[PDB]
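Reviewing the structure listed below.
As you look at this complex, bear in mind that one protein chain is not there, while each of the others sits in place.
Naming follows writing order (A, B and C), and every chain is counted from residue 1.
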Amino acid sequence: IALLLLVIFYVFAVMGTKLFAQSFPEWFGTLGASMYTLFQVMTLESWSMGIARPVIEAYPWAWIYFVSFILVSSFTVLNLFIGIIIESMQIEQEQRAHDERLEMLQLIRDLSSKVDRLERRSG
Amino acid sequence: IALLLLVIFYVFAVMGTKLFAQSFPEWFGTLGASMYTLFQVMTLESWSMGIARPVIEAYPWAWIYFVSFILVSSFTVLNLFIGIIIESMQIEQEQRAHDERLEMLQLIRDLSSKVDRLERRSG
Amino acid sequence: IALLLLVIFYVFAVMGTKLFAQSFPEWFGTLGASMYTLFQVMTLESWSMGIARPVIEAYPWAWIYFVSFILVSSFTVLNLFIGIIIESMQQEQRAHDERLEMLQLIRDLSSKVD
Partner (left out) sequence: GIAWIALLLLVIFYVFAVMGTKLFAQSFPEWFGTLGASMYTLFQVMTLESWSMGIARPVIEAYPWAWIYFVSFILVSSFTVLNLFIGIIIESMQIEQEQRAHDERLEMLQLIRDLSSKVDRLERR
């Protein structure tokens, strides 16, 4: 997920950087902006009024790129969120209940061969 | 829920589009704004200061439409969020704890018949 | 919780309304702003840059009122959130009936005594 997110975060930093470096360099020159910017947009604050709507005055191409990135980041945010919910709830103390029962018996098999030792002790 | 949300998202894109296309076309001409806009307002960023308060300088009709949409979207956001919390939680190796205990005893019954058998095998 | 929240939402709509109606009526004249405003601040959007920081140029009294309201609303938001998590989450005695005469058996084998 973190591996997977640092694909999305990385990929779209290369998408919008290669695209809007010509026109929107304040926001998308290189990663002195695109790494911040995508964090800023992932962080749902003045991302439309500050960035997306202004971008889409020039390029309606970015119509989805923003939207998808955010939809995609909010799907993989959730997955991380719930990725710890499931991981630390309920292999622990049930593989120490065979290590008692596997020689609960074993003990007996060498008692039963020690009764059969004085079963064999008549003849 | 996703089916249900793409009703709300769709319905209110038709509400505000049919309404504010006359006066507020920057935000509500057609779905070149209303699909974004509702996403933008659902995304709790410059949604009041950028949109709602300015809208309600002209139309106090939208007083609820915004609010309801958001209240409704935050109820159906939660439902999706918790919709996965319950679904992926919350009979296995307990039918191999009788297969040890069913001859834990069995063993003994042929030891006890070997105390009863070869104690009589005794003086 | 909903009953409890519509205290907080209501109470602070009466706090900031009775206070800033003199100076900040655009945001806090009556409930044509204070019910919205508190929803707007509860909704963590331009709430500081648009509202709080500007409010506190005049009144440093509101220093907490905003903060507390939000801290309080985020505590009672959580409680609602988790209030549904818990609400919709809806071999033992045959392993003593083997072990209670696993032994018993033995006690009448061990009483195999001269």
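The rule is simple: contacts are C-beta pairs under 8 Å (C-beta built on N, C-alpha and C of every residue); 3 or more make two chains touch, one makes a residue touch a chain.
**Student:** Check the options A:18, A:114 or A:120 and report the residue that touches the missing chain.
**Tutor:** Reading the full complex, the residue touching the unseen chain is A:114.
**Student:** Considering the complete complex, identify which of A:3, A:84 or A:91 is in touch with the unshown chain.
**Tutor:** In the full complex, the listed residue that touches the missing chain is A:84.
**Student:** In the whole complex, not just what's shown, which of C:6, C:14 or C:95 touches the removed chain?
**Tutor:** If we include the chain that is not displayed, C:95 is the one touching it.
**Student:** So which bits of chain C touch the chain we can't see?
**Tutor:** Residues touching the hidden chain, for chain C, are 44-50, 52, 63, 67, 70, 78, 82, 85-86, 89, 92, 95-96, 99, 102-103, 106-107, 109-110, 113-114.
**Student:** Which chain A residues would touch the chain omitted from the figure, given the whole complex?
**Tutor:** 36, 39-40, 43-46, 50, 81, 84-85, 88-89, 93, 97, 100-101, 104, 107-108, 111, 114-115, 118
Operating definition for what follows: only the chains that are shown with their structure count from here on.
**Student:** Would you identify the shape of the chain contact graph, picking one of line, ring, star, complete or other?
**Tutor:** line
**Student:** Using the average of all C-alpha atoms in each chain as its centre, how far is it in Å between chain B and chain C?
**Tutor:** Here the centre of chain C sits 18 Å away from the centre of chain B.
**Student:** I need the residues of chain B touching at least two other chains; which ones are they?
**Tutor:** In chain B, the residues touching two or more other chains are 44-46, 50, 85, 89-90, 97, 101, 104, 108, 111, 115.
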